[PDB]
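Participant: Below, each chain spelled out in residue letters.
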Amino acid sequence: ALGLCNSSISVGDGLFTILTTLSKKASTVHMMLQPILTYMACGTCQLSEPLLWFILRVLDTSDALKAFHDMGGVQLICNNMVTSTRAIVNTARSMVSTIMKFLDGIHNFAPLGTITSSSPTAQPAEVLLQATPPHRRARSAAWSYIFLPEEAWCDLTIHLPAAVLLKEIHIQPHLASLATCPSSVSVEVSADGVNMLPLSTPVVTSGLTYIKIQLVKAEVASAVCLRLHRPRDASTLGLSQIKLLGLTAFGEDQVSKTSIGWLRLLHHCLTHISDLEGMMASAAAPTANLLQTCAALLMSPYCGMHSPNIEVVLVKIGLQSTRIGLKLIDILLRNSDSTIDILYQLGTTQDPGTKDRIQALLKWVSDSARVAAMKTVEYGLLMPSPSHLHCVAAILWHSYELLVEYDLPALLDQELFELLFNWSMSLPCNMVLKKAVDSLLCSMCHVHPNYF
Amino acid sequence: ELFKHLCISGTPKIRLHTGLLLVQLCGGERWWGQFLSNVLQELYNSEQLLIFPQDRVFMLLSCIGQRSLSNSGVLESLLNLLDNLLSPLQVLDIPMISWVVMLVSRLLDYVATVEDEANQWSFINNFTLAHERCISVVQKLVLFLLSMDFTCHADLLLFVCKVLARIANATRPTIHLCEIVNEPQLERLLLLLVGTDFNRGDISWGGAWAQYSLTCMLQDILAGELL
Amino acid sequence: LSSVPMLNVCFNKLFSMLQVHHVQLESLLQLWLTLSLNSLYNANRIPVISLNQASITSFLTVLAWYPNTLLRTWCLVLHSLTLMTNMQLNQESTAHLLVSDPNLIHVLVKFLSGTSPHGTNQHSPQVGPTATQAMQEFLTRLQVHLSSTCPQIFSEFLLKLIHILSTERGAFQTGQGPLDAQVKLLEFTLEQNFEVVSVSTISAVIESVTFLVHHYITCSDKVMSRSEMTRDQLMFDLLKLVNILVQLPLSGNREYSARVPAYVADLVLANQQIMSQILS
Amino acid sequence: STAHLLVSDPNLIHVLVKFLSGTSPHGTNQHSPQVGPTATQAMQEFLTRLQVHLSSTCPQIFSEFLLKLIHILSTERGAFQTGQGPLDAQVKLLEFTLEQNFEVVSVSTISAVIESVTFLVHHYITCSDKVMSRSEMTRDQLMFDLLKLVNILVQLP
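Chains as they are written, first to last, in full-length UniProt numbering: chain A, 2997 to 3004, 3030 to 3064, 3074 to 3134, 3159 to 3305, 3320 to 3403, 3428 to 3467, 3481 to 3557; chain B, 2061 to 2150, 2162 to 2189, 2199 to 2206, 2321 to 2421; chain C, 2633 to 2671, 2685 to 2735, 2745 to 2881, 2912 to 2944, 2977 to 2996; chain D, 2747 to 2881, 2912 to 2933.
The hints are simulated quantities; they were obtained by calculation from the structure and are not laboratory data. C-beta atoms are modelled at their ideal positions from N, C-alpha and C, and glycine is treated no differently. Treat the hints with care, since some could be wrong.
What the hints assert, rightly or not - No farther apart than 16 Å at their CA atoms in a straight line, the calculated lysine to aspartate or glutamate pairs in the EDC-like style are these:
id: 1; chain 1: D; residue 1: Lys-2924; chain 2: A; residue 2: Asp-3321
id: 2; chain 1: A; residue 1: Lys-3455; chain 2: A; residue 2: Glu-3523
id: 3; chain 1: D; residue 1: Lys-2764; chain 2: C; residue 2: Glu-2822
id: 4; chain 1: D; residue 1: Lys-2876; chain 2: D; residue 2: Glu-2822
id: 5; chain 1: A; residue 1: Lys-3455; chain 2: A; residue 2: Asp-3518
id: 6; chain 1: D; residue 1: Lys-2924; chain 2: D; residue 2: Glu-2841
id: 7; chain 1: B; residue 1: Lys-2334; chain 2: B; residue 2: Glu-2186
id: 8; chain 1: A; residue 1: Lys-3131; chain 2: B; residue 2: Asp-2115
id: 9; chain 1: A; residue 1: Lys-3271; chain 2: D; residue 2: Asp-2875
id: 10; chain 1: A; residue 1: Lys-3271; chain 2: B; residue 2: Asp-2396
id: 11; chain 1: C; residue 1: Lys-2924; chain 2: C; residue 2: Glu-2822
id: 12; chain 1: D; residue 1: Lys-2876; chain 2: A; residue 2: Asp-3287
id: 13; chain 1: A; residue 1: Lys-3271; chain 2: C; residue 2: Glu-2845
id: 14; chain 1: C; residue 1: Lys-2764; chain 2: D; residue 2: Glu-2841
id: 15; chain 1: A; residue 1: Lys-3096; chain 2: A; residue 2: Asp-3398
id: 16; chain 1: A; residue 1: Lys-3447; chain 2: A; residue 2: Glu-3510
id: 17; chain 1: A; residue 1: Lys-3455; chain 2: A; residue 2: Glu-3510
id: 18; chain 1: D; residue 1: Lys-2876; chain 2: C; residue 2: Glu-2861
id: 19; chain 1: C; residue 1: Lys-2645; chain 2: B; residue 2: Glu-2377
id: 20; chain 1: A; residue 1: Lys-3467; chain 2: B; residue 2: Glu-2377
id: 21; chain 1: D; residue 1: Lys-2924; chain 2: D; residue 2: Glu-2845
id: 22; chain 1: C; residue 1: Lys-2645; chain 2: B; residue 2: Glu-2373
id: 23; chain 1: A; residue 1: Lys-3221; chain 2: B; residue 2: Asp-2396
id: 24; chain 1: A; residue 1: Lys-3221; chain 2: D; residue 2: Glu-2845
id: 25; chain 1: D; residue 1: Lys-2876; chain 2: B; residue 2: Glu-2377
id: 26; chain 1: C; residue 1: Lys-2876; chain 2: C; residue 2: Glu-2845
id: 27; chain 1: A; residue 1: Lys-3131; chain 2: A; residue 2: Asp-3100
id: 28; chain 1: D; residue 1: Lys-2814; chain 2: D; residue 2: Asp-2755
id: 29; chain 1: D; residue 1: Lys-2814; chain 2: D; residue 2: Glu-2861
id: 30; chain 1: C; residue 1: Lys-2814; chain 2: C; residue 2: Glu-2861
id: 31; chain 1: A; residue 1: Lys-3271; chain 2: A; residue 2: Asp-3343
What the hints assert, rightly or not - Here are the simulated distance ranges between beta carbons:
id: 32; chain 1: B; residue 1: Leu-2110; chain 2: D; residue 2: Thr-2872; range: 51 to 57 Å
id: 33; chain 1: A; residue 1: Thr-3059; chain 2: C; residue 2: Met-2649; range: 40 to 46 Å
id: 34; chain 1: A; residue 1: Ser-3194; chain 2: D; residue 2: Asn-2757; range: 19 to 25 Å
id: 35; chain 1: B; residue 1: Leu-2149; chain 2: A; residue 2: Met-3466; range: 26 to 32 Å
id: 36; chain 1: C; residue 1: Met-2649; chain 2: D; residue 2: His-2777; range: 42 to 48 Å
id: 37; chain 1: A; residue 1: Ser-3194; chain 2: C; residue 2: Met-2878; range: 52 to 58 Å
id: 38; chain 1: D; residue 1: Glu-2822; chain 2: A; residue 2: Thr-3059; range: 40 to 46 Å
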C-alpha cells in the first residue's frame, strides 16, 4: 500500500505514521528489516517516494546498516536496480521529440475535433466546442437538448482529428439556470475512435456549477462519448462549454518508481556512515552489471536531479577495490562533467589501487594516440573526449604536486610523448582536441623537464 | 560534393533552391537513393565532428526525399541503410538510427497519403518493396524494440513502432508475425504490453503513448495479415 | 504462413500465467479484444484468436477471485465473454462451458451487486447504458448459442442468478448494485422460456422473491420525495417473471420437469410460507 | 450492571452492525446512505454512556466489543469494505474509538482487526477508482481514522 501512494491528511501519511511508530516500537531491528527485504525480493518491486523515506528512516542507525548488510540487503538492492534498469524504458523526452516538436502545460483539444449525437437534436452542439464562448449574460443556453419521455440518456460523441493523451474532462452546464444541468454524466474513451468503451460509473453532477472529471491514469483517446442523464426535475439539458484537456505525443513521482530509488538506497547505504562504507561496499561490488547500469543511468537526462548521488556511489564503488575501479575506468573511457569528476576522484585519491588506475588511464590515452597515429570496443579509441584528456592532465598534475607513494615519472615514457606530439601535429588548431592533447603534453613536460 | 558544399554552409534560401535543383535534375537517377543514404550516414554519424545545422538540413533532406519518392531507389536504399545500421542486433548508433527512422517514417507517411488520395498514426503529424530485405529490417526493428532499456527513450519507440507497421503494410505481400518473431520474442512483446512486470503503477512501460503505439502496430500487422 | 496459431499459443500462455498475478487482467482483455476485432464492435463478430478451455476457466476463476472490479474491466469482461461465446472450440460448445461452472454465476453476481469499494462518492450505483447493453449482448449471445443445444442449462443458470441476487443479503434485497443492469437482466429474463427448468430451483427462486417483495411492501420507507425507472420497476419485473413462472405446467415426476396436467401453481399453493407472504 | 449485560451478548454487535451497514431495502432512492447529525449524535451518546457506565467496572469488555464491531464492519463483505452504510455514523464511531483505551484487550481480536483493516486499506489504495470528480468529509477520512486507530493499536505494549 505504501509502494503505490504518491508523494507531496492522506492515507499514505497514515501508513507512513503507522510504519514509523512500528519501527520505533519494535524491539530488535532484525525482525523489522526482515519484512522490508522480503518485500524487496518478492516484488519488478514497487518502490515509491514515501516508502523510500521510510526505508531511509529505518536505516538511520549504524546497527541498522550492519544488520541490513548481514542478512543480504545491499546485494538485493543492486540486483533490483539492475533488473529495473533492464525493465523500464526511459519516458523522458529525447532528441526526437525536440526535433519533431516544431516540425508541426495542459492544452485544450475541443476546438480541433467535431461533435455529433445519436439523436437528431434541434441544434448542433459544435457551439460547445469553442475555446471560450462569451459567458457574461447566459440568456437561454449555449446548447440545449429536449428529452423524450422514453429516453433518459443522450450521447455527445466528440471525434478528435488525432489521438491525444486525455487527462481531464471539463463540462460547464447552464450557469444562469442549472436546473437543466445533467444529473449524472458517464464518459467514454476510444483510442481507435470507433470502439466506444465506458469510463467510470456515472458521477452525479446535479447541483454542480462546474464538472471536472480528472483521470488518475491519462488515457490515449481519439474519441470521447459524454452520455448525459436526464435531470432530476427538468426535461431539458443546457450546456455552455465542453473542454477536452490533455497533451499530445510531442506537446517527483515520475522518477521515484524507476531505478533511481534503489540508487538512492545504495547512496544512503554507502554515504550515511563512513565507518561502514567500505566493507559493505565489498558486498556491493561483485554484483553483475552494476557499473554498466550505473554509467548508463548517469548518461540519461533523468540523472540530472540525482547526479551527485550517482557519481558519489560510483566513486565509492571504484575505490572499494582495484579491479572494479579499473573495469569502470574501461567502461567510462572505451565503452560529460560527471565522468570528469569520476576520473578525477579515481586518479587523485590515494589508495593501493591508484597506480593501476593511472596505469589504465595512461594505457587508454596511449591506445587513443596509437589509433589516431594509424589514421565496437574501439569506438572510445576512434575519438576521445577532449574533456577526458584535460581531466587526465589534471590528474597527472595533481599527482605530481601531491605526495604520492609511487614513482610517478616512471610511468611517463618518452615514446608516449612522441606519440602525443605526432597526434598534436596530425590535426590543425581549430578543434579542442589539440588543446586537450597539448594540455596533456604540458603536464608531461611539467613532470619531466628533460622531456621538454 | 555540391550537396555537401552548398547545403551545409549556405544560406537557407540557396540551400532549399539547390535541393530543388537536385531533385528536378537528378531525381530520377538510379544512384539518387544511394547518394541520400550516403549523405545521411556521413552527416549524422555519432563520430561526425562537423558543426552543421542538422535540423534544417534534415528538413531539406525530408523535402527532397518526398520529392524523389517517385523514384523507387530512395526507400530501398534508406531501408538498406537501416538494415546496415542496426546490424549489431542480429555498436549501436542511437542518434543516427533515430534520424533515419524519422526520415523513413516521414517518407512512408507521404506514401500512405499518396495511396489515400489515389489514420491510427495521425497522432504524430497532428511503393513496391523487396520481401527479404523488408523482412530482415522489420525483424531487426522488433529486436531493437525488445532491447529497449533506460538508455533508449519513448519517442524513438513510438517511431520504430510506426515505421514497423508502415513497412509491414507497404510490402507486397504483407509481412506476418510468424516470419517476424518466434515464440520467445512474441511472448516478451505480449508480456511487455500487458504483464505487470512492466505495467505497474502510473509509469507503465514506455507510457500510455508507447502502449498505444505497440497496440496499433500489432493491430496494423494483424489487419495486413487478414486482408 | 499464418501467425494466428502462434498468437493463440501466446494468448493461452498469458491466460494460464495470469493466475500467479503476473499479467494485468484489464490490459490483456483490452488487447485481446482489439486484436480479435480487426477482421468496430459487434456481437456477431468471431474473434480471430481462438482461446482454450483451460484459459477460459482460468480467466473466470481469476475474475471471480478479483474484488473491486472496475467498470473498465467490467465492460471489457462483458465484451470479452461475448466474444468467448462467439468463438468455436476444437466437441462441446463454449457457451455450455461458460454456463456450466459456477464461476460465471459468481462473476455475474459480482457485476450486478455493485459493490465498488473504491468509491468515496457512492452516489448512484448504475453502470450506464453502454454497460447494460454489453451485459444484454452477452446474455443474448448466450441465449442464441444455447438455444439450439440446451436452453435448459441457460434458463436454470438465469433462475439461479435471480435467486442468488434476491436471497438474504443479496443485491436485490439490500438495494445495492446497478439498477439499470438489474432491470435489464429482468427484462431479458421475461422474454426467456423456462419450460424444462427444475422444480427445485423454481421453488427456491419463487420463495426468495416472494419473501423479498413482501418485505419490500411491508417495510417500505415512511417518506417519499416527489420530483423514469426505479426499483419499483425492478419489483414489477420480478413479479412479472413469477407470473410467467407460475403459469408453467409441470409433467413427470414433479422434479426436473416442466415440458411446455398439473402446474407449479399447485406446488406454490402447497407452500404455506409463500402464499402467506403474497397474501400479507 | 445493565451496560455489561448490553455489551456481553452478541445481539448488540449484530444490532450495531445492522445500523452502520446502512442496508435500507425500502429505498427506491438509495442516494446517500448517511443517517444525519441527529442519528450520529444518538449513536455517539449511546457509545459514550456505555463507556461511562463500563469505565468504573470493566472497560475490557467494552473496548473488546468496540474492536470486534470494527473488525466485523471491516472484514470481507463488510460495511467498511463494500462502502455501503452511513459514512457520518461510521466516521463518528471511528473518532469515538480513537479516544478510547485498549490497554487490556485480547491479542487475538487485535490481530484479527489489524489484519482485516490492513487488507481493506491496501485493497482500497491499490484498487482505487480511475476517475475523480472535483467540486468536507468522505471515506478518505474513514480510512485515515482507521489508520489512526491502528497507529494507536500497534503502540500498545
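Participant: Which numbered hints are broken by the structure, listed smallest first?
Facilitator: Those not satisfied are hints 1, 4, 7, 11, 12, 13, 14, 15, 17, 18, 20, 22, 24, 25, 26, 27, 31, 33, 34, 37, 38.
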